[PDB]
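First, one chain by itself: the form deposited in one PDB entry, in structure tokens.
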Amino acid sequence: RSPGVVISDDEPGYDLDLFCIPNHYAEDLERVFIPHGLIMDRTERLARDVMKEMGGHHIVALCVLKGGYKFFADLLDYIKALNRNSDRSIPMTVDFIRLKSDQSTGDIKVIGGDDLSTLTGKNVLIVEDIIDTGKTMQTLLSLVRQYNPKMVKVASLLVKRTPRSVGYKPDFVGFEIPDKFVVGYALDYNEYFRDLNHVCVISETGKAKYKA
């Protein structure tokens, strides 16, 4: 059971001054955990891992849409580049499950719940950007399985190494990270950090500056 690229507690970040970061976030971050390009190369591998398990068949790519879908979009770009070479053209269904608004994350409020029965009898790939406690995903899996898919696998860019974890482990994991609050790449903080390319740890002045 590969936990992905492990970012240790004892290593962890890169120094902020080692990478290009927008000047308006100078004081808003602690460390860079995962540079943009590292995310990309790992995602390229995830796509290949996904195709070994699910390739050659239709498959339904389902984005867990909360703040954004940047990871979904990049994973799909890589999966699509792998599909190019196949002798037969393989159809690909792209869908989003939108979840509405972090201490009761297990309670899901789905907004777009139309023709959920399109999942029935289908090979479903659920794509998440971050798993923390894992409560959201385990309840989302309860919903999805009631529609009887042929197969359900979950890919998550990030899994947080927390005691608060309920023990849910995704089938595909990009990176296993320390138990710190991260922003950037695909993760916004109240609509900020959208322009930050790298997964980084928010600072306390960032937390205070950008609060809702």
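Definition used throughout: the rigid core is the maximal C-alpha set that superposes within 1.5 Å between two forms. Residue numbers count along the first chain shown, from 1. Compared with the form deposited in another entry:
Residue 90: CA moves 2 Å or more between these two forms after rigid-core fitting. Once the rigid core is overlaid between these two forms, residue 68 counts among the residues whose Cα shifts by 2 Å or more.
In the core-superposed comparison between these two forms, the C-alpha atom of residue 15 has shifted by at least 2 angstroms.
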The other form holds:
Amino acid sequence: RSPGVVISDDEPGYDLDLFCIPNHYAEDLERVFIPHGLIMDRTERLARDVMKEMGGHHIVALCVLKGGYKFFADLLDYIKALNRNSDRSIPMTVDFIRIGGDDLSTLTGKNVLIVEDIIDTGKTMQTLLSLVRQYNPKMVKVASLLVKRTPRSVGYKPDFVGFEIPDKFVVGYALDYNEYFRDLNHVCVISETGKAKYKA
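And the form deposited in another entry, for comparison with the form deposited in one PDB entry?
Excluded here are partners and other molecules; the one chain stands alone.
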């Protein structure tokens, strides 16, 4: 339904000085695009949407490592918060994929929620949705923190979107650039003095 929080092309983002930033990343980042707390507030709402739509059956929460781990944890924490303060409640099991994970035979007949960090071309998720559906789940839904407006898009749209962003390489909140920037709490844009430095 919703395209998520839409971030425009001309969005300047925030100065790093305005926030508390992991200072081993001072000169490598351009601006802060999505502050940690903004992600949290958005994730809280997403959690309520997920429960409204899939909270009528047992849910299997599928975390796509590594970039999705932070989103996955916070999303589940907000779901768990709903489940212990409402009369409506569904049990959840958790799984982790990259390669690994449990036998996807456990997905049969269950409500599967795939949790991803970002959709670019959409190829990764199409491949994943292809492989999951061959085990006939009761329901497959996909929640992605980010969706990128890009000419290379297939045209796939996930079921839950946190943020729709421009075609710029974002890092932070578990999103990496060659395994760097994962320990950053905010989603920020990597600079050239950060790209060339951490390249390859």
